[PDB]
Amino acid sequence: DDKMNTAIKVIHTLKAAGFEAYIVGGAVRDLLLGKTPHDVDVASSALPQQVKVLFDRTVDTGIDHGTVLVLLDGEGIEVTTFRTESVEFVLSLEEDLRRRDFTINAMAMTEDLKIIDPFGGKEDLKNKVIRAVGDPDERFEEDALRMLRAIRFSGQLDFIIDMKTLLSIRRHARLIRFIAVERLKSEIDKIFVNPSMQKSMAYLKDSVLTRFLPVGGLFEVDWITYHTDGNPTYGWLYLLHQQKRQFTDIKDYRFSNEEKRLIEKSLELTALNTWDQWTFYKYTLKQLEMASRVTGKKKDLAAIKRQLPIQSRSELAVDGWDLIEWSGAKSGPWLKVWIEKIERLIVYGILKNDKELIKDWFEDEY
């Protein structure tokens, strides 16, 4: 909510030092849409080291590519010198704008609230059209990821893709093999939490991106019954569950072990025909929700889990060292089997979680 104000102050400081500076890109777009911009980028004729000399607090991880992060009034504004893409500095705003991906992202706004729109982004915004700047063939060779971003933007903004731009995506779909899979997963995660995501998936198939994306034919499922819960991971669980496949078929996208576990465990639960106390004890609440969300089942999972006698093995009143004592046997892999027998009986409320009571039980069964 304060990023715009801070960006205006960054612009005043740069212009007072004799440089040009504008707000560019998604903030201008969001503003004209009535949204609040989540990020605000400033483009300037200042080179990085001159920006660094006008502001006390600054972060430099992007200097090589022409970007300095300015820290001012608790907000961070990226200041980027006029550039292209292998990064080359240019001397005018228009040379910088004419190499951005789509017309709605190639506008600039002056401090005095004047829009600079050399490529028609105002009109395409009014008409809900995602259109490449200039020749769509050049744009897509410069960065093939822009093909997937056009798909993601269409579902984010509920826009259509310009026809000439879409046909260009079809010709160049195979260049998607060169994109780092992490950048592919980033944009696919963004599609999974979009509103109007069913439109993004339609475009993904019709642009012939499902032919060349990693294991891309798997995205061609029925997305009608899918509603995002805000977590992109649920998109992957839904994809797998609809086609009866395992986590291993989507391994190429390089999931974190957290994501991997959440998908695998939730898939496990959809294989289970009935859930009892042991199920509610052994799986986490987040896994239970995601599995029931994709199976249509609608229970109050949080209340069932809250009424199990225990919640985790750490509350068990006995460890394998008690069993080693009471049995008179030597530590071995057999301990893990008996701890689970005791765990089951405590979770099903048959045995009391009490060291002296578990002891009487164990002495009889052994």
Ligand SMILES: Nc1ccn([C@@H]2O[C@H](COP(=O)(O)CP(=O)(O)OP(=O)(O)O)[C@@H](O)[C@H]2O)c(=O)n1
The other form holds:
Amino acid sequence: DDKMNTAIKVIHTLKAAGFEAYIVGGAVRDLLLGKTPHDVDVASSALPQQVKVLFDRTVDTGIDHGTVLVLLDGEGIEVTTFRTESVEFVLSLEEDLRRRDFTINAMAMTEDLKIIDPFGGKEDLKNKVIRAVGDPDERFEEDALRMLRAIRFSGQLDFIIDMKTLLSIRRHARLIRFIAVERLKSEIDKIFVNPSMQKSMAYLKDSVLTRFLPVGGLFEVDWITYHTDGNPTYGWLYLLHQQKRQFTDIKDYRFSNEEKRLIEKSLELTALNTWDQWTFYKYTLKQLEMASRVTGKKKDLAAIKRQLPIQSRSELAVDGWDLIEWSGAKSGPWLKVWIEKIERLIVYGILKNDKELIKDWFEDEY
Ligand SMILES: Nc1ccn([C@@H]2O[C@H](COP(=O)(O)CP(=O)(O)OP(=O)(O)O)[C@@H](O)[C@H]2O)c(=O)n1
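Moving from the form deposited without this ligand, what structure would you give for the form deposited with this ligand bound?
And the full complex, kicking off with our chain again.
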């Protein structure tokens, strides 16, 4: 939240060197909404190498596209040269704003706090409307992902989508197929944690994006009993659980191994009639919480797990080499079966986790 101050100092430096600079995009939107901006972007008439001259420290990752990350007073500000979008640098602020996605994202602010609003973002912000800048057909052909951003913003801001803009989404919905699935999944992950995400989901159906998103029909579930826990993964679990489907049906969205395992393990738990000590031992607390959260069950899961005789197999007082000695037999897959028998008897509190007593038990059974 010191970002605005840093952006102001960036702007003074650029203007002192004789360039134009302005705050633009979401920070302006968020300011007029009374929020604290999460990121502050600066747009400037300076070219990237000219920016690097004025500040000691910078990151040149986005240089190709006009962006340089300035590091100042412990913050980072993206300074981007006036540009459209395969990237052309333009000479005036308005040429840059004319190509942004929505009126509320298309405003600029001077360091002396004047708002520059050539497209009515002020009014659309007051009236709670997401509306494309200029011709909605052009904005959505420039980048089809904007159709989905419109949906995300409606649930993030509790705005409506301009009628003309929504009809344009319906006409161009099929263009969604050309977007990298990583970008699709990133926006869907944001929808899943939004307040009033149910508004986003209704628009997703009604804009007939669910016809063309990957396995898009699976989003048309009832979302009324869904409340986010801040973790986007829970949205995917909910979806699958409502429809009695498996993780494999959504794999096109390219989940990490962590996400995959968490969804699959949680689904497993919802399929279980009853949970006993062994359940609480084999599944992680995170998996149990989401399976609970989605099945309506409520227990003190941390308390039940805290009370098991052991927490993981690493505390087992025995290993398969102990069983090789005691049995006289040769190492083989049979060890895994017997290690699990022993592990059960310890988790149910029947056998003590003590090598000597386990040895006594093992010789009798073998
Ligand atoms: N497809 C796109 C993606 C971005 N933009 C423009 O990039 C700026 C913010 O991008 P950003 O990456 O910081 C996301 P923002 O719009 O600020 O919302 P958030 O902070 O809640 O994530 C806005 O002026 C948008 O008009 C666009 O015109 N078309």
